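**Q** The residues making up each chain are set out below.
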Amino acid sequence: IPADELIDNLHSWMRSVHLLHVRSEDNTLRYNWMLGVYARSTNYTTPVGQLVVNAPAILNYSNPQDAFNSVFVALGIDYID
Amino acid sequence: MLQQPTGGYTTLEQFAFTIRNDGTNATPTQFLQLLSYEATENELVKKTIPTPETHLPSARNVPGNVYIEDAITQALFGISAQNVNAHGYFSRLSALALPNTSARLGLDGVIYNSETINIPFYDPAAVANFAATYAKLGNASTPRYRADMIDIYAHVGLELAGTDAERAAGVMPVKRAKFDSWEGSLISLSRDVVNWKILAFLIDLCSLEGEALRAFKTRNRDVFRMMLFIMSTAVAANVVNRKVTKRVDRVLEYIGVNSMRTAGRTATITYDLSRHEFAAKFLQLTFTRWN
Amino acid sequence: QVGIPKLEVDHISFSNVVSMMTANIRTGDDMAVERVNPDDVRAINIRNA
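Chains as they are written, first to last, in UniProt numbering: chain X, 83 to 163; chain L, 1 to 291; chain S, 1285 to 1333.
Calculated from the structure, these hints are not laboratory results.
Yeah, the Cβ is synthetic: ideal placement off N, Cα and C, and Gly gets one too.
Heads up, a few of these hints could be off.
[Unchecked claim] Listed below are the simulated DMTMM-like cross-link pairs for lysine to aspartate or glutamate, each with C-alpha atoms no more than 20 Å apart in a straight line:
1) L:197 x L:70
2) L:46 x L:166
3) S:1290 x L:249
4) L:178 x L:159
5) L:243 x L:253
6) S:1290 x L:13
7) L:178 x L:13
8) L:197 x L:13
9) S:1290 x L:166
[Said to hold, decoys possible] Distance ranges between label pairs, derived from CB positions:
10) S:1289 x L:168: 38 to 44 Å
11) S:1302 x L:112: 23 to 29 Å
12) X:155 x L:241: 49 to 55 Å
13) S:1299 x L:81: 24 to 30 Å
14) L:2 x S:1304: 49 to 55 Å
15) S:1329 x L:128: 37 to 43 Å
16) S:1312 x L:129: 43 to 49 Å
17) L:81 x X:125: 29 to 35 Å
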């Protein structure tokens, strides 16, 4: 492998990765990566990913656990895998 | 309109808890002597018991009157297959918990809306404390409320099969308890212990004071070690019966350790998923009051 | 002083309480319950739920 190919080539891919989000003002908010980028994988086909399409602001949590709690009450689902 | 002299309704011949076996009728004390046990080396240690939650469920408005007592026993020691019961009129109890209420609790095991003509009932003042503790049994299947169907059982086995030499240290070796039997056995004690008037016992626990509570706990630590034994064989993993020459023994697999499904199937009483949550809510609520 | 269960003794009894059933409680019939189709098939979700 050229140590020059993958350094230029890996960039070409990483460049083209965009994950839906909302820009916030409050300083006490942390974006939820893990679950959020999972939706971008399937293609927003699944409801747990079709829920994040409509209102992307569901991923802005200020306290852990409360992040997931919301993605349950608004689904009636008992567990995401 | 019976009253208690602080001896309690259990100091009465009106209703007494007696098992029938041996060709004649005997008291619980005489029975338990037959239960002999050894050890199999899996230490069953006493955990702590978490306090219950104060919030009382609401007795949704209900006309007519339900047999509150019926269900209490029909779930715990109910023999005949009992289907899902997580649902039901199981909390009309709380309608007695408030000070001035007219709703009365008769003898036999009913809960009347208005005291009616010709029906003997417990004393309206001492049935109040019984409710502010047991009406709490309404929320037995509400998520985020249900007790835990594992650890309490450790408490249970240290009771009916724990020699004091052990309980004073809080730890004991898992036992395998076998008594001598007859025909139906385990199923027969169930059809028997069911009709016992359990309310005639529980009321005493929440009223009788230190003078007549130390004396109450001494004469009734056996009526408790009876409705605790049957309630246990509904959990044990095996019921296989050993054979002597002409004699028969009912070895019980592991009293005091809780599995999830009955060894009885056909041989003994059986629980259900909806009942596992229920037994844990009872066993937890009652122990704090007792112990 | 209780009642000795009669299902285990010898001598045969000839009269006893039988739990019957009235003309209100009825068993094994039908329910005119209705359906409501999912209306559109395209936007159904078997994927997760």
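**Q** CB of residue 1312 of chain S to CB of residue 129 of chain L, is that within 43 to 49 Å?
**A** 46 Å, holds
**Q** Verify the CB-CB distance for residue 1302 of chain S and residue 112 of chain L against the hinted window 23 to 29 Å.
**A** 27 Å, holds
**Q** Could you grab the alpha-carbon distance between residue 178 of chain L and residue 13 of chain L and see if it respects the 20 Å cut-off?
**A** 32 Å, violated
**Q** Honestly, do residue 1299 of chain S and residue 81 of chain L meet the 24 to 30 Å range at C-beta?
**A** 28 Å, holds
**Q** Measure nothing beyond the straight line between the CA atoms of residue 243 of chain L and residue 253 of chain L; if it is 20 Å or shorter, mark the hint as holding.
**A** Judged against 20 Å, a Cα distance of about 15 Å means the pair holds.
**Q** Determine whether the Cβ-Cβ distance between residue 2 of chain L and residue 1304 of chain S falls within the hinted range of 49 to 55 Å.
**A** 33 Å, violated
**Q** Regarding residue 1329 of chain S and residue 128 of chain L, is the given constraint of 37 to 43 Å on their beta-carbon distance met?
**A** 52 Å, violated
**Q** Keeping to a limit of 20 Å between CA atoms, is the pair of residue 46 of chain L and residue 166 of chain L held or broken?
**A** It holds: about 11 Å lies between the C-alpha atoms, which stays within 20 Å.
**Q** Check whether the Cα positions of residue 1290 of chain S and residue 13 of chain L lie no farther apart than 20 Å.
**A** Roughly 23 Å separates the two Cα atoms, so the pair is violated.
**Q** Just to be sure I understand the hint, the distance between the Cβ atoms of residue 81 of chain L and residue 125 of chain X should be within 29 to 35 Å; is that true here?
**A** The hinted range 29 to 35 Å is violated for residue 81 of chain L and residue 125 of chain X, with Cβ atoms some 49 Å apart.
**Q** Tell me if the beta carbons of residue 155 of chain X and residue 241 of chain L are separated by a distance inside 49 to 55 Å.
**A** 52 Å, holds
**Q** Between the alpha carbons of residue 178 of chain L and residue 159 of chain L, is the straight-line distance 20 Å or under?
**A** Holds - the C-alpha atoms of residue 159 of chain L and residue 178 of chain L are around 16 Å apart, at most 20 Å.
In summary, the numbered hints that this structure violates are 3, 6, 7, 9, 14, 15 and 17.
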